[PDB]
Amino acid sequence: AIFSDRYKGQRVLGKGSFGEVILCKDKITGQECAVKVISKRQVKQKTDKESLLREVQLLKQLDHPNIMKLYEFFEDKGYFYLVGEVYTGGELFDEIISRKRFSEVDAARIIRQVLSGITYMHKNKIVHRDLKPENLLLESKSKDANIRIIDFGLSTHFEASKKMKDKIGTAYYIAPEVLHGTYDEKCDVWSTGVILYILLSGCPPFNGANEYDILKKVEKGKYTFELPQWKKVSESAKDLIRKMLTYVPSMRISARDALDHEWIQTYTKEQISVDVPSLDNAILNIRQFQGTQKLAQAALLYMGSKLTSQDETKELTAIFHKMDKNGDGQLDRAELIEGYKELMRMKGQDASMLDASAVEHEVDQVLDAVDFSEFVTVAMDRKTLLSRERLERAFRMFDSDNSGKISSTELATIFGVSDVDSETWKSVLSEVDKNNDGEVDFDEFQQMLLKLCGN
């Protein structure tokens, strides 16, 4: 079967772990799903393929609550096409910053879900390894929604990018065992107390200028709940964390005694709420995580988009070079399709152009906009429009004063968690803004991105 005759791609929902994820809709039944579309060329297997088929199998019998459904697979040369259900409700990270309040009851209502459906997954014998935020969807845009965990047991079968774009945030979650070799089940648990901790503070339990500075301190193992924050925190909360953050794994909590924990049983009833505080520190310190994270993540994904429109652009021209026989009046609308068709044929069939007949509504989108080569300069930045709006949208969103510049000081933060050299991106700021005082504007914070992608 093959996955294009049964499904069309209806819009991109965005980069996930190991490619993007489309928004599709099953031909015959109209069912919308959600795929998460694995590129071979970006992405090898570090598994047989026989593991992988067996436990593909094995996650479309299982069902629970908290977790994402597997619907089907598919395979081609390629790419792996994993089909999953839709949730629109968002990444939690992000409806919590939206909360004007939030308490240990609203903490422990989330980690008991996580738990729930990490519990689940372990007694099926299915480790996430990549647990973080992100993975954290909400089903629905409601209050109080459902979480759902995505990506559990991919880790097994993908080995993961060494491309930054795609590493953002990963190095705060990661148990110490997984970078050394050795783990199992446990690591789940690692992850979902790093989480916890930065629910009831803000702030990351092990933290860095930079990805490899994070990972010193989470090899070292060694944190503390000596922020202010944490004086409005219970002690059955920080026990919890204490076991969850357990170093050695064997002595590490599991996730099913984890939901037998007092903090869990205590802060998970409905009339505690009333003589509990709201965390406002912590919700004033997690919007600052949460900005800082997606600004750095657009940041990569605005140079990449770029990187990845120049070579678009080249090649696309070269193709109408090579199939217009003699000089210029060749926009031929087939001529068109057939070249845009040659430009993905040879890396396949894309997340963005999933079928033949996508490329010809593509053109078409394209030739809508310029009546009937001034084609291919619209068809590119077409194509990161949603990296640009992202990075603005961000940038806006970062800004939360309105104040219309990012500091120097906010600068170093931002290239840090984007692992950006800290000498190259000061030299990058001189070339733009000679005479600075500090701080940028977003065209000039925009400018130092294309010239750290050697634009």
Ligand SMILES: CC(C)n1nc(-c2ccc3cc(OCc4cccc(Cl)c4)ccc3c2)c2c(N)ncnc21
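Whichever C-alpha set is largest while still superposing within 1.5 Å between the two forms counts as the rigid core. Positions refer to the first chain, counted from 1. What changes on going to the form solved in complex with the named molecule:
- Taking the core as reference between these two forms, the lone member of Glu219, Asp280, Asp213, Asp381 whose Cα moves by 2 Å or more is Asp381.
- A displacement of less than 2 angstroms separates the C-alpha positions of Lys100 between these two forms, with the rigid core held in common.
- Once the rigid core is overlaid between these two forms, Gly348 counts among the residues whose Cα shifts by 2 Å or more.
- In the core-superposed comparison between these two forms, the C-alpha atom of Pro228 has shifted by less than 2 angstroms.
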Second form
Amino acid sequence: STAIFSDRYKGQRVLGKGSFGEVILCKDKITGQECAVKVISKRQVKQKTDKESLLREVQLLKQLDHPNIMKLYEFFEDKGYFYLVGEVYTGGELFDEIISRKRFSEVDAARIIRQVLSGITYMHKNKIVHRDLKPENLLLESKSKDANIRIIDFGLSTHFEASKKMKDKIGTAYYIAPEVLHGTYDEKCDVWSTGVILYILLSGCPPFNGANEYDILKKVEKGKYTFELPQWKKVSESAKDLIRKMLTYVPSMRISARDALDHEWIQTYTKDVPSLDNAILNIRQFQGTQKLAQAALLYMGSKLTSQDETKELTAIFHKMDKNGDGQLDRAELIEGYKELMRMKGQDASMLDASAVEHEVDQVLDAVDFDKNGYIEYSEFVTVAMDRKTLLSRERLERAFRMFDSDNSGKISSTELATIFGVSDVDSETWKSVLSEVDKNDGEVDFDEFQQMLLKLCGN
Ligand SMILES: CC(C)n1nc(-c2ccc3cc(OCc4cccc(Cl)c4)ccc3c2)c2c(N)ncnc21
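Show the form solved in complex with the named molecule, please, because up to now only the form deposited without the named molecule has appeared in this conversation.
Starting with the chain above, the whole complex follows.
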């Protein structure tokens, strides 16, 4: 018989959303081993390769081991989902650790890039390509100041098709190698993406940029960049030589990962060096902007999902209510919430019967409903969904506060232009919505920003 994911693992909490799906902190029910499970929904993600090829890749990945590559433990598949069970890392995204520190030098950058290049080198020796290497795929193993970088998502893009949805796409255009856009690509695309990351580490600005996603892609495809910005005066010639070699347009002429490890810059700076204060400043601004744009898109998506699920759940309970008096018991609420997860593949958190029992009890405990009697289901629906809406609203607010680093309480019109450009929300469209919200002003507070987002998702 086929092994079942939830026979072995219980969900602890959600770690986050990554490429191809949600990631849940899980725990082995016998051994206590904790793990990070990427859950891919088959309805939402199409496979590029056949079953035979995916299984073979899994079997290889399980046997690979390198300090700078996520360890894969197990793999499960059922009717609706893939469950990718990996080692859990607790140090967060690299760029989030970098913006916290007060000093950052070419020595710190070289030590980071050496780690990325070692991991890439190992995977290329094993004929595995990333293709979607970006700052978000560089996690720190733990919270220790010295901790190793673990690259996540190697091999996924070979087997599954990327989302076309901006909420998933955001951030990708800066890093993608030109040859990936045109269709003929190989392992050298990973060196390009690393070159882009290095350019950003040392100046705090992407080498290929523009006012929206297509304008970025246009700049990537042309392939031209310069080091004429002021903060490149601080930087060694050898770093720029390595960057040039990694951002070489024709992949056969581009440096390999392994050869990049032997480059003068890596050799000097990882065995007197000033801090790159302007770079840290610009990275903090870059990161903040990207995180608010993402948070804006997830808020909009979560509002749409709620409109969908609120009405669906009501229809399920109405159907279940035999004599139509509006009263269901707890086991019926559980069954209906299960029917919702059957129709919707959204909550990776809720793909196990006991998880749903627990979530229903949390809702009943909020509403002051007794769980052993019959319950007004319409009120259960309101609370279960108001809980989600509140949680989403709080999620967005924290990201607004993070972005507003001067504690002004406001985002200016220029800043909105940048955020919505990153979010790929059309310029005349957000300006139009800003006009219906701002009837005075050139700046918005949090409530106003939130109102604009509601108007940009048909509310
Ligand atoms: C950033 C956060 C949401 N996240 N994501 C992950 C994460 C990211 C990618 C993962 C990829 C995984 O499997 C890759 C795989 C599995 C089978 C076949 C192929 Cl080709 C590739 C498994 C777990 C993963 C887990 C993660 C983690 N391991 N530790 C801490 N936080 C993590």
